[PDB]
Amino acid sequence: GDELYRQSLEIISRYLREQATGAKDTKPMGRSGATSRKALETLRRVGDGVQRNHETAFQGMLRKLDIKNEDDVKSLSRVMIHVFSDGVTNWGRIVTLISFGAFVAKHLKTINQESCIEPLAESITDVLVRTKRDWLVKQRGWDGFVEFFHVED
């Protein structure tokens, strides 16, 4: 859904691509870029931590998923939604979702399937924005995300 979707995709795509390669995208963001930059910095901090602390569970999940190609990415929606929509809603779960997205993006890079990353990012965004739309809006979106993880300074 429009601006929230566009911003969300921009953030999630840049994070996954950045994580898969070692490259930081210089191209401009768009309509709320300052916030998106802060969200991206926040992701570098918190998302990387989530990947280290959960590497075993993540490895298990990647293993069960058996992702080899773009069709495998395109068929993830139902598991993704099933795991994500269960339980409580908080920013930590959104971080887990995106962070596993990065874990997968690195795997895709490893097996020379870089082209799958952008569809992956799209799928995650679709899931996030459809399942949590009203909550995300109530939390002031990515502004709420940056504030939630703001490190007192």
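Numbering follows the first chain given and starts at 1. By rigid core we mean the largest C-alpha set that fits within 1.5 Å across both forms. What changes on going to the form deposited in another entry:
- Only one candidate in 48, 41, 114, 126 has its Cα displaced by 2 Å or more between these two forms after core superposition: 114.
- When the rigid core is held fixed, the Cα atom of residue 100 travels less than 2 angstroms between these two forms.
- Positional change of residue 30 between these two forms stays under 2 Å at the C-alpha, relative to the superposed core.
- Once both forms are overlaid on the rigid core, the distance between the two CA positions of residue 89 between these two forms is under 2 angstroms.
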Contents of the next structure:
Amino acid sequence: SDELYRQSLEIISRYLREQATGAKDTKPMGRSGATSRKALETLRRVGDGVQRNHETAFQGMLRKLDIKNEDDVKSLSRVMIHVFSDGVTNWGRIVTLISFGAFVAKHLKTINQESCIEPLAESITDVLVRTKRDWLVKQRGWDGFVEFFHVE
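Switching forms now, from the form deposited in one PDB entry to the form deposited in another entry, please provide the structure.
Only one chain is given; partner chains and other molecules are left out.
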């Protein structure tokens, strides 16, 4: 029983799937859902924005990582661990990693329209929740994300 992991995977999977398919999921989010929905709304707003201005860089990275299929996620996990290896953790880095995950997911859908986004979403969620567990907990998890990116 791991609610933070469950919640994180739901948020990230939903974002990746929407981005990949172009369609929103009309199914009530699990327990919580209030924070999750606001997190997903935040992720749409800021994640789309990251993808903007950085299309060239993202394409560059996709190409260099040569991600061949829905299951080829080991290299991305390594890259994410490497990003955090200077010892710095913040929501800008996290949203950028998730946004890049959505970028990859979109591209995998073009090559194969039957591609599952779950391996990618699981790989990203694993890095975030497992390696930043206490950092997330201290901050009431996704509330930290919501408030950091909150605009009036």
